[PDB]
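Colleague: Each chain, written out:
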Amino acid sequence: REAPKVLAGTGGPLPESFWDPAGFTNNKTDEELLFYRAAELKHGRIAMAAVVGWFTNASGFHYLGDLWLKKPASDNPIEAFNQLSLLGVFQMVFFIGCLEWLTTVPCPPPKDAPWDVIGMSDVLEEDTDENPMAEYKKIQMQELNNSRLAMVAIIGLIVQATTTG
Amino acid sequence: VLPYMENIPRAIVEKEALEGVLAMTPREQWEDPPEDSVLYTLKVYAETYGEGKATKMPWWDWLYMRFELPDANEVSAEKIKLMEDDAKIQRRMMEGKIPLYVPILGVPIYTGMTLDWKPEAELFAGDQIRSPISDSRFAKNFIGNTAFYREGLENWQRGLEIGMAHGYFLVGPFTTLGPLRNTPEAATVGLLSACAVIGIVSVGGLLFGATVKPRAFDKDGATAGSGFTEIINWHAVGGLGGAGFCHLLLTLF
Amino acid sequence: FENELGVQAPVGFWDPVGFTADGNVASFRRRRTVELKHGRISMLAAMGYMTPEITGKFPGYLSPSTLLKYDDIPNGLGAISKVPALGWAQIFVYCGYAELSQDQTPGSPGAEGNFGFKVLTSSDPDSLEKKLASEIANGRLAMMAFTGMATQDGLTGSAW
Amino acid sequence: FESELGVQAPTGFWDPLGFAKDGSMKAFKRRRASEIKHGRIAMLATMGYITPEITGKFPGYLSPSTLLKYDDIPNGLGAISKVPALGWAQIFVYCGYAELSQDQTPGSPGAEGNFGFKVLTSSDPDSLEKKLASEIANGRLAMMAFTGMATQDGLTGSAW
Amino acid sequence: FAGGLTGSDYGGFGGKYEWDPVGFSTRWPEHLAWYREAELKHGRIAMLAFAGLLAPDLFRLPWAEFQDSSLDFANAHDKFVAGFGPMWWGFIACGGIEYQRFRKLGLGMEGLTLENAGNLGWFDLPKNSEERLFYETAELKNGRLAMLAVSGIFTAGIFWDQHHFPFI
Ligand code: CLA
Ligand code: KC1
Ligand SMILES: CC1=C(/C=C/C(C)=C/C=C/C(C)=C/C=C/C=C(C)/C=C/C=C(C)/C=C/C2=C(C)CCCC2(C)C)C(C)(C)CCC1
Numbered sequence: 083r084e085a086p087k088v089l090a091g092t093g094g095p096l097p098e099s100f101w102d103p104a105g106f107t108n109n110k111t112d113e114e115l116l117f118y119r120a121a122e123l124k125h126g127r128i129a130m131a132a133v134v135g136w137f138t139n140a141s142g143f144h145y146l147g148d149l150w151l152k153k154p155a156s157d158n159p160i161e162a163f164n165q166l167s168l169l170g171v172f173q174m175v176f177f178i179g180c181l182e183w184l185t186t187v188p189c190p191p192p193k194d195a196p197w198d199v200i201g202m203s204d205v206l207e208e209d210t211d212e213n214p215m216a217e218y219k220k221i222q223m224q225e226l227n228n229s230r231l232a233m234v235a236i237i238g239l240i241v242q243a244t245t246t247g
Numbered sequence: 206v207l208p209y210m211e212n213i214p215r216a217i218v219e220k221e222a223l224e225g226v227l228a229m230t231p232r233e234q235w236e237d238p239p240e241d242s243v244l245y246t247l248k249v250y251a252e253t254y255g256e257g258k259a260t261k262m263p264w265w266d267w268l269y270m271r272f273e274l275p276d277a278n279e280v281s282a283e284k285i286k287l288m289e290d291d292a293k294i295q296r297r298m299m300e301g302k303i304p305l306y307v308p309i310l311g312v313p314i315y316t317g318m319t320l321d322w323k324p325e326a327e328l329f330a331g332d333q334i335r336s337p338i339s340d341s342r343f344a345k346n347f348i349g350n351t352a353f354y355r356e357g358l359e360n361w362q363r364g365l366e367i368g369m370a371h372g373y374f375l376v377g378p379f380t381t382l383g384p385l386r387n388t389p390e391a392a393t394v395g396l397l398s399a400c401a402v403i404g405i406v407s408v409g410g411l412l413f414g415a416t417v418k419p420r421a422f423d424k425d426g427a428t429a430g431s432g433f434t435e436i437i438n439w440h441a442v443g444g445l446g447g448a449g450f451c452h453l454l455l456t457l458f
Numbered sequence: 030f031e032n033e034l035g036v037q038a039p040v041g042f043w044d045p046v047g048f049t050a051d052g053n054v055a056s057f058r059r060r061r062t063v064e065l066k067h068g069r070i071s072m073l074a075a076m077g078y079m080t081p082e083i084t085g086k087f088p089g090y091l092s093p094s095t096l097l098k099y100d101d102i103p104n105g106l107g108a109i110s111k112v113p114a115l116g117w118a119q120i121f122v123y124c125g126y127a128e129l130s131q132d133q134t135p136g137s138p139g140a141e142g143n144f145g146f147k148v149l150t151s152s153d154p155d156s157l158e159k160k161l162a163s164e165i166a167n168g169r170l171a172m173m174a175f176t177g178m179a180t181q182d183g184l185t186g187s188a189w
Numbered sequence: 064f065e066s067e068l069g070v071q072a073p074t075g076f077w078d079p080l081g082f083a084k085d086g087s088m089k090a091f092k093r094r095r096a097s098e099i100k101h102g103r104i105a106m107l108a109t110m111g112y113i114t115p116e117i118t119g120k121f122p123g124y125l126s127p128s129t130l131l132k133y134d135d136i137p138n139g140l141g142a143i144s145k146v147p148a149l150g151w152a153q154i155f156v157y158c159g160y161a162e163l164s165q166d167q168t169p170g171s172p173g174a175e176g177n178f179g180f181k182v183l184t185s186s187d188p189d190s191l192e193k194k195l196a197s198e199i200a201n202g203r204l205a206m207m208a209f210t211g212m213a214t215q216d217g218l219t220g221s222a223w
Numbered sequence: 115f116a117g118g119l120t121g122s123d124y125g126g127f128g129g130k131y132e133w134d135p136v137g138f139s140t141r142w143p144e145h146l147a148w149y150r151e152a153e154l155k156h157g158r159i160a161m162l163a164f165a166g167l168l169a170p171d172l173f174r175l176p177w178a179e180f181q182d183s184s185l186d187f188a189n190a191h192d193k194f195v196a197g198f199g200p201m202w203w204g205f206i207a208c209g210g211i212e213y214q215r216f217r218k219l220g221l222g223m224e225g226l227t228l229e230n231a232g233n234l235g236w237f238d239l240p241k242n243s244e245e246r247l248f249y250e251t252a253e254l255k256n257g258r259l260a261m262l263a264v265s266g267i268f269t270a271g272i273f274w275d276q277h278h279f280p281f282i
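Sequence order for the protein chains is J, l, N, H and M. In terms of PDB author numbering, the first sequence is residues 83 to 247. In terms of PDB author numbering, the second sequence is residues 206 to 458. In terms of PDB author numbering, the third sequence is residues 30 to 189. In terms of PDB author numbering, the fourth sequence is residues 64 to 223. In terms of PDB author numbering, the fifth sequence is residues 115 to 282.
The following block holds chain J by itself, in its conformation from the complex:
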């Protein structure tokens, strides 16, 4: 079984390593597979950011919350989050909701690339053979691979904590 051509060699152990061992790709229209890639990339970007936030919270770089709590916040990111007031947590929820609204109602993502919330596909050309420094597919694969790795890494951090301390 080969890639559904809308993903088209965009992941796996190698770039052309269509890996689905569950039939989550078959008999699915291109819009649904684009949705799957958009969800994967959003989950990734969120993870990749969350891992950095975790490691900068677990390394003592926990200002803005050092001041809010008016005392040194916990290095454990879960306990640090629990220390935050509900006002701050709901401000974070509201800001993420506003961001999600931005990329749906006023700034909808491109139809053929829903993961391109910034709409970067309107200013970049493509990877072409005339370009000696063409790396756009390479950086897309870097983003995807670090996304897939951080998606399991952040879960490792979260479930490792709150169950082992």
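Be careful, since some hints might not be right.
Claimed, not checked - Label-pair restraints from in silico Cβ distances:
hint, chain 1, residue 1, chain 2, residue 2, range
1, l, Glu356, H, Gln165, 47 to 53 Å
2, N, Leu106, M, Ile272, 40 to 46 Å
3, N, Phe144, J, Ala90, 24 to 30 Å
4, M, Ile272, H, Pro147, 48 to 54 Å
5, J, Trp150, l, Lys284, 51 to 57 Å
6, H, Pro147, M, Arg246, 53 to 59 Å
7, M, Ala252, J, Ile178, 50 to 56 Å
8, H, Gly119, N, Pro93, 52 to 58 Å
9, M, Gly235, N, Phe144, 34 to 40 Å
10, J, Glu161, H, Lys84, 46 to 52 Å
Source of the hints: derived by calculation from the structure; they are not laboratory data. Think of the CB as a built atom: it goes at the ideal place given N, C-alpha and C, for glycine as much as any other residue.
With chain J's structure known, arrange chains l, N, H and M with the ligands on it following the hints.
Modeller: Then chains l, N, H and M with the ligands, alone, in the frame of chain J:
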């Protein structure tokens, strides 16, 4: 090739070194290289040395020649010609599409993406250049969906929305960080100051509409600057409304 | 489904109740898969029940943090508890990698049993089929044998 | 859609909150699949409550290692914490395999509730509608009876 | 095109691993057979050295030895080399084996082409092509890996004593 670049002994220059020198030198440059070029010194040593010419040279002159001539690898390696060809193709392409670097830690770090810096409509326009901050779909649909540009909005709606935003913002820096900070009426004084700032900037906008008459928002017919003046008046109204709402949310909760 | 593996000297049609439709090509391919897998796992299990008692258990620690010298762990069954959950998790992750590295979805070359472990890498000779048949026969024998050994040490202490 | 198996007789096309206006088909198809599956599970669970009440708790030991005579597990809510987490995992795995079997993907034969039981395949005697509609109506009734039963089990405190 | 020798092959990430940063193959292609012979001999000796780090910890061999502290392998060399003993005999045996290597190659390494480098008589190559390739690449990989490993042991189980299979 040229007669003097034939059967050159390896001592003067390597065969690979000679090939690299020729590759990195323009074809029309031959037969008369400039005094500061590598090919000129290579030519000068190509004669007077080799075949029937002088086959020996003093040690000091040998050191001079070795200092003044390339040594193939790491100086005229095929990778260096590949990099020079890549650089010239890059500079050819940037007249067109430009690779995107970002200055990270003060040094430009290549990202991997190449921009469309060339303007879409007017090639020589200085403000039609394309950047992701100003030409990506997010920018187009973000600035385009703001009250100042959103489609379907009457001028009063744009004014009201911008005013509400400005008024709700302006109450902030006055209630705290002000003369009457640690007072029960800090919120009220901040509200009064925010309303004053909204009124002053609205008078300034009225002044702009009376003098410049921007005409960018006027409907058909009407008068020059009518749309902008309506926008500024409803900005004043919205500023009062947003400032009052911020003061309400401060007094409550 | 005639000339594959199971055919041998004493039997080769042994199926009192299987072949439910006598067809279901996909079912038989899946069944040959489970055959090769269960066979390999049973052989490794029988060796791991066979190498300890004769040529006695390894010398070492197996967990220098928790001091669990290879020998003191009980031979059969009971080892499921004393070996640390860290080591068991590492065993499980090795198994998960070994299964999910090559695609197990039916149709693939790894589906039918070839996992790319070509140690002898028989270059498609006549030896190929006889090696396959020996593997599957010892697999069936090992499945029977390990069920017997698991029953035995479930009813009488250690492996014997 | 106004003629499917759901419309019995006592109520016609009963869609009070208008989930059918501009019938999205695929939406209705998957909602019918959900209705069939929920009804089947509700029938099974209503059995799983009313049969252990009259018929005694299983003669057996449930977990051979942790002393569950089925009598310390009460019938109703609270048995979620009484049945072993491993037993819950295993019943979860059974249901997961039963679904991760033949696909019920949109358009597949599993997407209309058909899976391959065929316990009552009346020989097309104008009765395929009888059994289908009876299953659907009993599914609705069993889901409502289950909701009432769970409310009685929790509200009152135990069982009924 | 490549080094000509087997090398590489059966590499991770698919394809082949032509790894040669300094380019000893391209810069000195005449000594490529010498490099292959050195690599194979070093790998075989390193694998035997790993076996000689492990097995003496277990069995301790017949004859006098049999002691206990004479297995530290940071010490064992000096005893059997002192008194013109077993280490000297092993040196003579290795010299004889490589004299046989000289004779097969033809003295002065006047042979050593890119098929007999390491061939060293003894065991017989499998005539099947894919077997041969997999088995040769297995020897080469095990060789290099044991070279790196045995080096790691002879550094680590020297700075921190250890001197037993855990080495940590
Ligand atoms: C989740 C279960 C479920 C689902 C998916 C459906 C689905 C369907 N039913 Mg159906 N039905 C159900 C339960 C369900 N039913 C029950 C319990 C009864 C008995 C009251 C009925 C009685 C019934 C009749 C009489 C008819 C249908 C029909 C239909 C079809 C069209 C209506 C529609 O779009 O519903 C969409 C699905 C829903 C609206 C389900 C949402 C239920 C909400 C979320 C909860 C309702 C309140 C609930 C009790 C709250 C409990 C507390 C909870 C919050 C914890 C559709 C296939 C019609 C049909 O077959 O036409 C061809 C028809 O005539 N149903
Ligand atoms: C931390 C030090 C380090 C170790 C310890 C290590 C180990 C191995 N490397 Mg590796 N390596 C780097 C460093 C290290 N590598 C770096 C910095 C780079 C970027 C230049 C790099 C690249 C490649 C490539 C391209 C290949 C490769 C190989 C193997 C291999 C063979 C396994 C097998 O084939 O038997 C082993 C054991 C091949 C392979 O893919 O292995 C998966 C191969 O083709 N490596
Ligand atoms: C943070 C952040 C950000 C953002 C920022 C901003 C921009 C903010 C703002 C905010 C705001 C700025 C908000 C606002 C709001 C407002 C409001 C909320 C208002 C309201 C009002 C009202 C409601 C009014 C009413 C009225 C009227 C209309 C008139 C009459 C009177 C009354 C009162 C009735 C970004 C993304 C950059 C990035 C980083 C992060």
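Colleague: Please go over all the hints and tell whether each is borne out by the structure.
Modeller: Cross-check of the supplied hints:
{"no.": "1", "hint": "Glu356(l) to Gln165(H): 47 to 53 Å", "result": "holds (50 Å)"}
{"no.": "2", "hint": "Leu106(N) to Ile272(M): 40 to 46 Å", "result": "holds (42 Å)"}
{"no.": "3", "hint": "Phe144(N) to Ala90(J): 24 to 30 Å", "result": "holds (27 Å)"}
{"no.": "4", "hint": "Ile272(M) to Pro147(H): 48 to 54 Å", "result": "holds (53 Å)"}
{"no.": "5", "hint": "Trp150(J) to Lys284(l): 51 to 57 Å", "result": "holds (55 Å)"}
{"no.": "6", "hint": "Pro147(H) to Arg246(M): 53 to 59 Å", "result": "holds (55 Å)"}
{"no.": "7", "hint": "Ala252(M) to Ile178(J): 50 to 56 Å", "result": "holds (53 Å)"}
{"no.": "8", "hint": "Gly119(H) to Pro93(N): 52 to 58 Å", "result": "holds (53 Å)"}
{"no.": "9", "hint": "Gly235(M) to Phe144(N): 34 to 40 Å", "result": "holds (36 Å)"}
{"no.": "10", "hint": "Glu161(J) to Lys84(H): 46 to 52 Å", "result": "holds (50 Å)"}
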